[PDB]
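Take a look at this one chain, the form solved without this ligand, written out in structure tokens.
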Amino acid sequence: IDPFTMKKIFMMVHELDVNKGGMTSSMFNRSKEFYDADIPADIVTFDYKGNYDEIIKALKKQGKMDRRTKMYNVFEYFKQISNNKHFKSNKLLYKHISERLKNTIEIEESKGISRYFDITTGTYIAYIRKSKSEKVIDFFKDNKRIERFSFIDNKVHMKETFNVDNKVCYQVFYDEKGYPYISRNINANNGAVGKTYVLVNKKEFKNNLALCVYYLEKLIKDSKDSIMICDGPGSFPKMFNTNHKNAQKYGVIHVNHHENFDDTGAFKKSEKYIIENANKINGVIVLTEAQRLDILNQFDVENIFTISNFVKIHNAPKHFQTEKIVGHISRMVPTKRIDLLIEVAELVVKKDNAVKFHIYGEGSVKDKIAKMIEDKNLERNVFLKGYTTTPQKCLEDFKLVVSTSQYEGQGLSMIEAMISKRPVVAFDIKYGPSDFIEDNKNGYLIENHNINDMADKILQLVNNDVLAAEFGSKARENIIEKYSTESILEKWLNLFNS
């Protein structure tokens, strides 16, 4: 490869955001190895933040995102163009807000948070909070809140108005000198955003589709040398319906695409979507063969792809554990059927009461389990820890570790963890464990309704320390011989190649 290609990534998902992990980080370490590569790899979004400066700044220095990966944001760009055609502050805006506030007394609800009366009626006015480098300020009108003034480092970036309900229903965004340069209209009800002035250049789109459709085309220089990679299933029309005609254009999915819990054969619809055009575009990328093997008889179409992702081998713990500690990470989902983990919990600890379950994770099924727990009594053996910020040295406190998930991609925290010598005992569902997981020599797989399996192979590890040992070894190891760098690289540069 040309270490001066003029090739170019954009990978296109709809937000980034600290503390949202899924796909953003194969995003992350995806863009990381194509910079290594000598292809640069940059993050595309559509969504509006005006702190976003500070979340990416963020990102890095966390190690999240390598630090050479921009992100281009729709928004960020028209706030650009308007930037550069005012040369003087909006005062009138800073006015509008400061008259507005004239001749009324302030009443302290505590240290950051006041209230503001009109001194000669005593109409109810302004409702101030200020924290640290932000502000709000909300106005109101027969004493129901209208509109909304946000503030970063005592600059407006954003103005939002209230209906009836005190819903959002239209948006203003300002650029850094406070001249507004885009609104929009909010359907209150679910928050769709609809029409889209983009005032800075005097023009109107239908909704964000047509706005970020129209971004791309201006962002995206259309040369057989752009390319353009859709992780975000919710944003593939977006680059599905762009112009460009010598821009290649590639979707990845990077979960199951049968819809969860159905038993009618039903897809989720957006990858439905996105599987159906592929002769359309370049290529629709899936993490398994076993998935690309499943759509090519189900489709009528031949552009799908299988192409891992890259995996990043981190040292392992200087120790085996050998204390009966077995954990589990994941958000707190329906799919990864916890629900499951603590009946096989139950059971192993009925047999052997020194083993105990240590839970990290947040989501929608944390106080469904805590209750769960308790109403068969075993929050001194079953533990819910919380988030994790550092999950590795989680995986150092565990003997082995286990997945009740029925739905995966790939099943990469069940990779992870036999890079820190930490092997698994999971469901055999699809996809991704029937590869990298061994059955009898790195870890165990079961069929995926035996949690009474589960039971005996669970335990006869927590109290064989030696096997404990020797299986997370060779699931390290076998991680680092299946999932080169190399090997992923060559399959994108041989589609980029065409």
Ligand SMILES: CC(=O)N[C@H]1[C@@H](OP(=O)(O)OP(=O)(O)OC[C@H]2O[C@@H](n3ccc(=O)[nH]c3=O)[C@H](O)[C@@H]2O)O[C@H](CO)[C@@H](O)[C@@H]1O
The other form holds:
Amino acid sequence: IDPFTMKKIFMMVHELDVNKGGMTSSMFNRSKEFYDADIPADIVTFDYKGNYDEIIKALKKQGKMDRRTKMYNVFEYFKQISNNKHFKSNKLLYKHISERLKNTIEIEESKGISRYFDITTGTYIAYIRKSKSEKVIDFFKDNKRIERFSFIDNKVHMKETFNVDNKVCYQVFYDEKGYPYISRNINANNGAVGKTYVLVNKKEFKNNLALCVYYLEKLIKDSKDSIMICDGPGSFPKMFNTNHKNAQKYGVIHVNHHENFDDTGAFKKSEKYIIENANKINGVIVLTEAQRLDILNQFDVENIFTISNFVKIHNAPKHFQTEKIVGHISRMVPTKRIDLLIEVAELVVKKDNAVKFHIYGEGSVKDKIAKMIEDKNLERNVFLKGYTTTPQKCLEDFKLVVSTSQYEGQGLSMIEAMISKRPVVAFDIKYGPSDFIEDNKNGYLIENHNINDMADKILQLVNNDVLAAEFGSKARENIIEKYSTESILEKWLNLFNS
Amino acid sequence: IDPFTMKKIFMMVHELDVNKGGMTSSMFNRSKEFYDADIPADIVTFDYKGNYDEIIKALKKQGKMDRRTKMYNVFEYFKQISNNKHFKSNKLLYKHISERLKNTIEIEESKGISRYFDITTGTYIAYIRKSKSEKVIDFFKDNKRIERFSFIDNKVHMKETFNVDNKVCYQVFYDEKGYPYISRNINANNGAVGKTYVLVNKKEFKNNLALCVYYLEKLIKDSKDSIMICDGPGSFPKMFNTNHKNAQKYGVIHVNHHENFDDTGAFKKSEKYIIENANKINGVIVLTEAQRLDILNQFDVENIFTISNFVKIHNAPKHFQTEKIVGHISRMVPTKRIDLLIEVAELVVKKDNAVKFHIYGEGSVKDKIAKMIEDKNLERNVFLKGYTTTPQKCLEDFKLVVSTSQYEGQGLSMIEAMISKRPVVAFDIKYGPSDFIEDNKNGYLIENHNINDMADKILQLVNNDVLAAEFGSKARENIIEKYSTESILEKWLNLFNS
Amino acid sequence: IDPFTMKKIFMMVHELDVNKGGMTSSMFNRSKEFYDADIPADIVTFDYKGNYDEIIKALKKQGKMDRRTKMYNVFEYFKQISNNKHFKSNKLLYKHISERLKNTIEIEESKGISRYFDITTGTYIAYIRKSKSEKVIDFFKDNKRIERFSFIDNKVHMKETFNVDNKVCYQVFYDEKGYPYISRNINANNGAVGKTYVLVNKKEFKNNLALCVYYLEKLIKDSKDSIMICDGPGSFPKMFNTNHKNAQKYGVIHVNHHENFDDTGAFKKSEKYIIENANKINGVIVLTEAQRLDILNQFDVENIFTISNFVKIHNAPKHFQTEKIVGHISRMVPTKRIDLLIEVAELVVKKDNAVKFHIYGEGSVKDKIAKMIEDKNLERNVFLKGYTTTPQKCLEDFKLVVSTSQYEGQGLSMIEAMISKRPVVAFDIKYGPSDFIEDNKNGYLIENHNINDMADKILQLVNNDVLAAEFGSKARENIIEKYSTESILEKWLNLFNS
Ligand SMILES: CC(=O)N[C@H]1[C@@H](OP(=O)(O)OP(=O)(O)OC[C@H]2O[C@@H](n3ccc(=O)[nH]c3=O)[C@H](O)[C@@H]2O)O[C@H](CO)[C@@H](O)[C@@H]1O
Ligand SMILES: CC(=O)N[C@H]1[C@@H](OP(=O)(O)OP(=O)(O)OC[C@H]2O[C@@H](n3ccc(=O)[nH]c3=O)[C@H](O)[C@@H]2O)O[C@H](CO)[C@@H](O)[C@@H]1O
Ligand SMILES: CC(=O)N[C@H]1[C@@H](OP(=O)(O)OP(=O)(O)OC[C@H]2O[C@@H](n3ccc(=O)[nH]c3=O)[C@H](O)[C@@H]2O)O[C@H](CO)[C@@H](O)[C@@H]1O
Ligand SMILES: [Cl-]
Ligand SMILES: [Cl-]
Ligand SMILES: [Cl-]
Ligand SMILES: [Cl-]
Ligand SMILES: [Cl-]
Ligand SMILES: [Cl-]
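Right, and the form solved in complex with this ligand of this protein, after the form solved without this ligand?
Expanding to the full complex; the earlier chain stays at the top.
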């Protein structure tokens, strides 16, 4: 509303990075929408990367992140404090590294890889592997690795320490002048972060949780204009344990709060903790009004709200596709019951050998879908392409896309395919495509068991390229008028203004 | 006899310390008696403590140790030699510690606890925890602890070294000027002391045994006026392996030489080794003439003698106690068959709910006596108070004390209670209270099985406060005239003079 | 032929050393023969010893190695290169060792054994054990050993590094001026040599195999006059993987290519790899024309040749031996079926108690032959003397020697005994004594099962000292005229000239 509002939204996820999607791409778009309504919506991360500036720069150039959206990082905050406490490069650090490397001889392995040996004792001193903009230096003691200095543009940003099993047990972070501002213990057995020492402020913290809580109380002004939104479930404790009294906290659950493949009536451990404590924050936000009603009818909480996702209606291809191409662009995870779909490919091709499948994306169950299509020799017909950073250009050469799951928040990947004139085929599930797919109108829906009824539907479409177009043009105009943005945006503000 | 005798007794136990009793308190009193007869009786210990001066000072101020009694310590002997080899403080040591601490930043944990990090590399350097008179400094390498310097009044007395599992594998002891005089290897797996290097005399020793044998040959003049008395069974090898030809050696066995809870006819492993070699020293000393006769009738040894213990007849309360208070002040050990007594409390209270129990002292089987009285909910009635440094003031508010065992040397803890006008109740056993308890005269004795006959006897006393007094006044006057000191003292001298 | 031929033979075995025999003694003699025919035949080794000069010097003085025969060593090659790159002693190395030893105090253990402790901290610094011409210095860190410097004539030739389990994980070799020329990683778990760094030439090598291949291409001129002969089966990959195009390669198999105690028809793993690749080198050389025919009738290889061994007909004793002395001078290994011979001693002595046995040499199954003759109490009669560096002087006091095996190349140890007027007794086997023992003529042969038929034959000889002499004099004159050297030598040259 107000073009000069002091409202601001801090969206919290553990890490940002390139070549993902789903929850993050939803966060990127949500930031874009809020910025349009003159409300700054930025992102807060809590992990360390020495090249986040290069990653954020990439995410914006590659058109995945609105350029107005900033990422706040806990380590970038304390680094910048450190930067303004010193006004002289930390040469003693580079002298420390230089001194351990002198009186050594060099022996090359390959192009930018060399080892160094003391010319007096013959002792193994260092291993240096340098690219062109980054460099690592591994120091050795008693022929075991003890330390690694990491470089970016000839500058140290991290020092790692290694135990007896050659695993990290300690990290140090150096500012842009070479001064250490943060160091922390690492449990080598699981990689969990322990005690964290903020050297620049001479303060210690029990763990990363205690550090980021302290960080948010510094980053986020305790005003009712400050709004915290936690997408990732692994960041919720950070938002919940702050001593904010005025600031708002909204937990956004993205997934089904039901345990995967459990008929007990049990929930996800983390996704339930959020729900239980809904009456202590400003309310948990789901996506379907169904999932609201389920949580209503399970937990004693008077504070759940349903808000869908902003959709970006990009532009459909100039044409369609004629050749019997079916695709499944997704990340391979057992929760999607892909086992209960590739046994529809098999059920299709035998009635029509010209139907082809292009599988994109990666995952854990990729390598056993791989060693499964050749057991049946559908390598002939089915292809596991790979991860595509161009989801739409791979989408615009489909006749239709296919997907399934037993657990979803809603339809993200199915919706954005319907825009590109593509009639997707999926099951009816708990929370998802019971609303944006109208069966025998612009797409198809099947009970999540009748595995050849889906195999029946595909042949009603791929063999009818003139009917696999009207269903596509009735897809896009279906998305557009159904949820919009204003309907969704006013959901958010009325929650804010209260 | 002779007020100017050159006779001296060295009583040997591994360690002395505060808040114990039994064998040690017997040693403290025996020293007091011998000093009265103009024969110096001192104590020799073989362990290391940096605060033994403070402990001995406490033992005397707190009236547990005769002030004339000295403690000789093997490490205090070599420290004092070291003290007179140097006449200039070892500043290079404190410089060595200072240098490793400079260029560091401090980060506090609590009041006197801080960690230190190198301001150039961010490396974890040191952990310092200081009280007000003592201080520890833990140094780190590759984020693992390697060394600990221990301070007392700002002075180093010990440096410890740690292995990969963070356990001690090496110790160093510094004199009062900061010079190392003794270092030794420690087996981290069991804490056993290995090779011991006497740096001040440039001599090495296989273990602590070889070190203390050498020490006794220095400490104790090889004359017939020198008398060695080994109370602790764990110190006997130290006395036995010396090359003394004239000096006397007397091993004093305090306990039953029968294996605990074994009906085989087997003995304690250590207590038998002493017995087997009785014909090689000046004789083993037991406490009961019974235990003498048993050893006579088991081993071929013509050299066993029976001598009881000196009793200190202190002063009884001004009054008694009326309220049904029963106490067991003892150290909780399975050899005392406490299981076979707390199931007499149960057998008592049900006939008289006003009988109360106060349990003092500590032990291993305290925590399962604890979770046992509440299973039966005698928390109502039975109390595990705690260790009492005031045994008599806790004793002087009893009507009677109670105890049992299947194995004893004699009655120490039962005897000193009879002084304070208290009729104790105990079983008849191998070696013990068959002599200082006269049943139905001043106390009570039961077969060590009839667990409710004891429960019968208590009610014959606690419900008769006028009969639980005559039995008390017949207790003290019973101890006094029965064994005395002169009868016991002349036992010792006639052994000496031979 | 040509007294000025540029032909040269490099005989390759992994290591040479004192107190062995068999394959090596065969190599020593073969070098001697070839040198007589004006063809230099030298030996190449691939292991490290700091005292090989002293060992080779011993092998020649003790008359086991022809003085014209040289040993080439891969580490001696790179050391000599290193020697000529520096013209100033590496004092900084000895300064490095001196500095770590100053400010220490000495504590002796025995004659030439002492430990050193820092006089400031008391820290365990070093352990030095010196003989009179060699010395080791073990340095310690956190009371664990980390390094060992090895000395010969006050000069460092090796530095070893130790891991957490106190095992070698790194080696460094110093030239005769104290400069490191080679360092290498050691797998502590098995002692296998990994990455090898040639510091003097700044080159790295995957392992010892890659190092010695490179070494042979430097050592051995790629000419048809250069001839490589690989005796040891463990050195064959080194000869086979060189990029020699003109040089000749001859693999000499010494043993049975049949798996020990396997009736499957399976071969030795290594000895087969040689055979399989016979068509890629200049031919594999066996010893018996039988073993040739077997390999012919198993593998598809058109390139196997049979050449026997050069025999050194030394000089027989002035006399014989009368006293019933039977000997088995050998190295104790289960492949010799000694179990199937000592149960003929037993079968002999019972018919003649005066027959005695002298067993020389060592082995793995010595200690259970030991605890076997006393179970039967033939200690009376059978003796395990020990390893004899004087094989012939121990041979010249026998009436006859005895041996057996199920696997041999031929008869080495049986043949050289026949020279000294001794009728040996052995079984007929695969590849061996079916040719140099003529039964009931100068010796005896039995089927390798009839264990008392051999026991029958001995008594036909030891009880007939006038018949145990003619068989001896028919032994020596049997060896002499049968194979000679010229017959064997021309076998070699005709292989060379082709
Ligand atoms: C915002 C939201 O509701 N998220 C849902 C989503 O999370 P999740 O993050 O797993 O999103 P999905 O994997 O279901 O959707 C596919 C996503 O992967 C991206 N992609 C995939 C392959 C590829 O080659 N390139 C590419 O970019 C797509 O842009 C798309 O955004 O699925 C979960 C279950 O699986 C649901 O419970 C969550 O509710
Ligand atoms: C000198 C002697 O003969 N020692 C006997 C004693 O050794 P032990 O040293 O175990 O002596 P006991 O535990 O039997 O006697 C109790 C001792 O503990 C002290 N105490 C206990 C609790 C408390 O709160 N405060 C306190 O000071 C008492 O002063 C008393 O001296 O018991 C052994 C078996 O158990 C016997 O075989 C030994 O023969
Ligand atoms: C060149 C050759 O064909 N070598 C054969 C030999 O190798 P190997 O090297 O094992 O030779 P053997 O052990 O069979 O012969 C005994 C050797 O050991 C030496 N010795 C033994 C004891 C002693 O006290 N002093 C002493 O010097 C002898 O000099 C003799 O040379 O036996 C293998 C099986 O066992 C055969 O397959 C090999 O073919
Ligand atoms: Cl900002
Ligand atoms: Cl500055
Ligand atoms: Cl004194
Ligand atoms: Cl001095
Ligand atoms: Cl040469
Ligand atoms: Cl030089």
